[PDB]
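Take a look at the letters that make up each chain.
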Amino acid sequence: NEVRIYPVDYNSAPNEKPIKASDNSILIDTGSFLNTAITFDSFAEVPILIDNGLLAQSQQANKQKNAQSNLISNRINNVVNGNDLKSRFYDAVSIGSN
Amino acid sequence: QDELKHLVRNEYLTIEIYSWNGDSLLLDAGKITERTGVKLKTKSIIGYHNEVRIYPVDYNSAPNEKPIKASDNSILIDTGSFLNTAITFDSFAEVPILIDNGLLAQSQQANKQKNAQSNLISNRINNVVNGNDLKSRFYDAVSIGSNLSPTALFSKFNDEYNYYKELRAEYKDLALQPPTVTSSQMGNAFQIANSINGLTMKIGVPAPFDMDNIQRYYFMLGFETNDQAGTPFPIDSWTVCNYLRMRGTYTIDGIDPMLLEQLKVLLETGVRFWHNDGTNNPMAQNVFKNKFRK
Amino acid sequence: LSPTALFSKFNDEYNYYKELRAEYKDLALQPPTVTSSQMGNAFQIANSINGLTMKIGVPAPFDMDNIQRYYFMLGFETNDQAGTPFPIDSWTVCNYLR
Numbered sequence: 344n345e346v347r348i349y350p351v352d353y354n355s356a357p358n359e360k361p362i363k364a365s366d367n368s369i370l371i372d373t374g375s376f377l378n379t380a381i382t383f384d385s386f387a388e389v390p391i392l393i394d395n396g397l398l399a400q401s402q403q404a405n406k407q408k409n410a411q412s413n414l415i416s417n418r419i420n421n422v423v424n425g426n427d428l429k430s431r432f433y434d435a436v437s438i439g440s441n
Numbered sequence: 295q296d297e298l299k300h301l302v303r304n305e306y307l308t309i310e311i312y313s314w315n316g317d318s319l320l321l322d323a324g325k326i327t328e329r330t331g332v333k334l335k336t337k338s339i340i341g342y343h344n345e346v347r348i349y350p351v352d353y354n355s356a357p358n359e360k361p362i363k364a365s366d367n368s369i370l371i372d373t374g375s376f377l378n379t380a381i382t383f384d385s386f387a388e389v390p391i392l393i394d395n396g397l398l399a400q401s402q403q404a405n406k407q408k409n410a411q412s413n414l415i416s417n418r419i420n421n422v423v424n425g426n427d428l429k430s431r432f433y434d435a436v437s438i439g440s441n442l443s444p445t446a447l448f449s450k451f452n453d454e455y456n457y458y459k460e461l462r463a464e465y466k467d468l469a470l471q472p473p474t475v476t477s478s479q480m481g482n483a484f485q486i487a488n489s490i491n492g493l494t495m496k497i498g499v500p501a502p503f504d505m506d507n508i509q510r511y512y513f514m515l516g517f518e519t520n521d522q523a524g525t526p527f528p529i530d531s532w533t534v535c536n537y538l539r540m541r542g543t544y545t546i547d548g549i550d551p552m553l554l555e556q557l558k559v560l561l562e563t564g565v566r567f568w569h570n571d572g573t574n575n576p577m578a579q580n581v582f583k584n585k586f587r588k
Numbered sequence: 442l443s444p445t446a447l448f449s450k451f452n453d454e455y456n457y458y459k460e461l462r463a464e465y466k467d468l469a470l471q472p473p474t475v476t477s478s479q480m481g482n483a484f485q486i487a488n489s490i491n492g493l494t495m496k497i498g499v500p501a502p503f504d505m506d507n508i509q510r511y512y513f514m515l516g517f518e519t520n521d522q523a524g525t526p527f528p529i530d531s532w533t534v535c536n537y538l539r
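Residue numbers (the deposited numbering), protein chains in the order written: chain Y, 344 to 441; chain Y', 295 to 588; chain Y'', 442 to 539. A prime marks a further copy of an entry chain.
Hints are not guaranteed to be accurate.
[Stated by the list, open to error] DSS-like cross-link-like pairs, simulated, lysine-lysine; straight-line CA separation at most 27 Å: (1) Y':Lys466 <-> Y'':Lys466; (2) Y':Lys496 <-> Y:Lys363; (3) Y:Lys408 <-> Y':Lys406; (4) Y'':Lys496 <-> Y':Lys360; (5) Y':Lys459 <-> Y'':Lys450.
[Stated by the list, open to error] Among the chain Y' residues that face chain Y by a calculated CB cut under 10 Å, a handful are: (6) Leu398; (7) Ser401; (8) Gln407; (9) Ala446; (10) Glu460; (11) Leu461; (12) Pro472; (13) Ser478; (14) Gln479; (15) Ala501.
Read the hints as simulated data drawn from the structure, not as lab findings.
For each residue, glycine too, the CB sits at the ideal point set by N, CA and C.
Generate coordinates for the entire structure from the input sequences, incorporating the hints supplied.
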């Protein structure tokens, strides 16, 4: 048992055509389509009579999840400075013998 | 068009081959020879242990490469990466078995964490050159001449050099968004539920306005080529704009030395030529119409 | 009595060529994939490639030309301390010295 919930029309450019079978069902929805989607797993579990049965839920909990939180910005490394414009303006006015 | 054949690069255009189990290939758009487009080849084992490995063909493979083969003529080692950068389809499926206390190997595989690269760094990040030196040299060259013109001369200078170094992208993106890496305990089962049990290719393209900006940039600024000791190619090549940036020891016949120095510095800064169109303002034209032959 | 234009005749390939230097050296063309099949070596036996494979990565001809031109024109770096410079007229055409 598993559920995967994904946004629709997300990061999908207009005019995109979603592939479908003869049934007309949308096999591949437009956009990320589970590339960035929530994965609901382990609907539940209850202790079972059989002993020595390792809980697969325990193993899944041992597995570590990783999720991004913030996005970096491109312009961090390179930033332009306006001192050049001030210098050019000063030179332009000064060269005029004003 | 031919002018934009170079536009097929990793950052601008993305092609992503996804196996919904969680594995991804993220083939970079570049290095795909125009001779043969994307052509995936699969090597598989089916039996006691089942596995598929799908790799691009003629990818990062220089021409004249010879692929080793046996007497059967089968290609044992295909040219290029050849599974060094390839998608690994595993766990075709699994169903619960009657035998109890049988640890699911699929569970152990899901516990194992997959790692896939998403973006490429750029070499020139740490070291970046600044054009202030050229401006200082030009100012010194003009001033040492005792020219009665004021410093406002240097004000007429234009500096797109720094702006266009700024516009350069720090990180190139192979895929539009990072690939998710989580393997379901059941395994491939989920894909079978929706009848999508197979590889899926998705193409990411820039928006039309960004594409227009990229086209304008490349048409106006030419293509970078750090050739050493090479004669500049014929200036009158493209119809409209032929950007050129030289830096070397040269002298035009019958030229005043100071004018030669000014021309040298100005070219080092980078000068754009607009071909005449028999109009009042040939400098203003539809750049997109620029074509290869003059 | 010459003006500052004298300094304009100066040439500065020093900064350009420090810029051209590579930040990261690459041992392999692309990063090696690290994933071990559960079966193990089995897969390689399927295609009869059960053994080591050596692959050689070489620069493209134009990049090779650029590298050759660079080294021929700029010599080889050697931070010798308190050493007499070697005979200038060694190579046929170009003998860069700093």
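Broken hints, by number: none
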